[PDB]
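Take a look at this single chain in structure tokens; it is the form solved without the named molecule.
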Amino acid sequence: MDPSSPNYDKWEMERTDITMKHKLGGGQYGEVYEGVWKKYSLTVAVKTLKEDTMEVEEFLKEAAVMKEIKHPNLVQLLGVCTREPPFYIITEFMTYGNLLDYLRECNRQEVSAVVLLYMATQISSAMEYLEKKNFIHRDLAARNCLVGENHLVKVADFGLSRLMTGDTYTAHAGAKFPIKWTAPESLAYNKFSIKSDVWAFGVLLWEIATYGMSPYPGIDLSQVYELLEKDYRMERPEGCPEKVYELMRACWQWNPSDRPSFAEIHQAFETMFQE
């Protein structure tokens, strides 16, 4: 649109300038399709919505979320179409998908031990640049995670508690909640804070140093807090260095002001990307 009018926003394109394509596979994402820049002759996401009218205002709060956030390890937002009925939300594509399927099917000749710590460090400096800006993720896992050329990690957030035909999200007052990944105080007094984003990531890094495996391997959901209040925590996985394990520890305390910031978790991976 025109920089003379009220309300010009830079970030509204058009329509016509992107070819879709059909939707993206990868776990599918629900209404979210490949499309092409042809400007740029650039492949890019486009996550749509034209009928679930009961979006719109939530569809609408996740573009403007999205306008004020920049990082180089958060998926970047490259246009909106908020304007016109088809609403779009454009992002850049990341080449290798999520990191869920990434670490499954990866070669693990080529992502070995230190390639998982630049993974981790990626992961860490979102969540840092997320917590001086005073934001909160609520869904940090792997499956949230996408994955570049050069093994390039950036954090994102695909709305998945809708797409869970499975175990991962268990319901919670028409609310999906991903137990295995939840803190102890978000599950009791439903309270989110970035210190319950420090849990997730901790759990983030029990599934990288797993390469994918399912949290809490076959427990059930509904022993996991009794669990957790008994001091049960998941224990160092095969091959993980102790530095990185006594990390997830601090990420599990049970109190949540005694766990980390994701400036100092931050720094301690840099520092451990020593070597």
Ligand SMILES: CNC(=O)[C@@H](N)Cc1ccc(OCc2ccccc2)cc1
Second form
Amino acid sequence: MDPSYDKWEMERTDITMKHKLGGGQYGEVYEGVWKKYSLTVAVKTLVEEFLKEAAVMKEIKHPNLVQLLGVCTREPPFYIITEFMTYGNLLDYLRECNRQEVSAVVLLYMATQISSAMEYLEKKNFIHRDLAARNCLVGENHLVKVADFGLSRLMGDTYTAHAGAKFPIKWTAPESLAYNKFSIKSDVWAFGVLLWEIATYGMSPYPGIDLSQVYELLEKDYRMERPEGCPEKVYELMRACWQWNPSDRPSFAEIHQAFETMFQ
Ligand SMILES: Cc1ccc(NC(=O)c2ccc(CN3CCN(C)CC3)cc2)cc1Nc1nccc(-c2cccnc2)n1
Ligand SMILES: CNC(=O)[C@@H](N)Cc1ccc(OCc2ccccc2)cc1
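Output block for the form deposited with the named molecule bound, input the form solved without the named molecule:
Once more the chain from above appears, this time first in line as the rest of the complex follows.
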């Protein structure tokens, strides 16, 4: 548009829509080419929830959060356009990677990048609410960005029903399960599970544990065991993220500083 206004609004026809991304696992999200820049992009298409997501994305900018490039929200069909990340979601990436290439230090790097995005969300007073390897993307040179694919009602037993809502029970903090309280500290809990996913090259958390007994075990102080090869200090960080009282969990500022330190 013309300033004589929303700088994010773009020309629908600047983009050649191609096929639905990841064989339909993200819902209405398409591979596209932003012709003017010769650039492959991801395009989410369709209201209030959709317009609210666009508004949030215009408020966030960080090298490890997926980057909004533009929107088409004047008339339907509405688009939200972001960069395309070459290697796809982190969960699949970890399962399928060359483990000699994706060594302990690369896992350290992925965790540091994600804690950096989370320290930024925290500073900005945002809550992710669904942090997990399936909502992270991998680009070149093991670049990792945090995203939010609205996976609740797309995805098996990863999400399970609660009052109109579906929750990923094995990523969900005890106070979220019991009182529907979500905060940056419930993201800290989820981050601990994400760290376990990273450490195990993408294994499912609480393997074989039925969902109905997760809260009970947590309340009895059960926590997942240290993964083979996970350094003691990284496991100690995981366990701190899984403190029963949310006020006892570290901040993302602290977590990131602890990884930044190890990484350096
Ligand atoms: C095309 C698009 C549209 C919207 C979004 N949105 C987000 O990723 C996102 C990230 C953070 C927030 C912050 N938010 C704070 C408030 N709480 C409640 C929710 C989280 C919101 C949206 C991403 C994308 N990108 C996207 N989506 C699906 C798949 C892919 C993709 C797949 C494969 C390779 N490259 C990219 N890329
Ligand atoms: C001299 N060498 C050293 O000091 C190494 N111990 C440095 C180092 C510290 C932590 C690491 O973490 C691996 C990891 C992180 C996140 C999730 C799973 C695994 C890796 C290397």
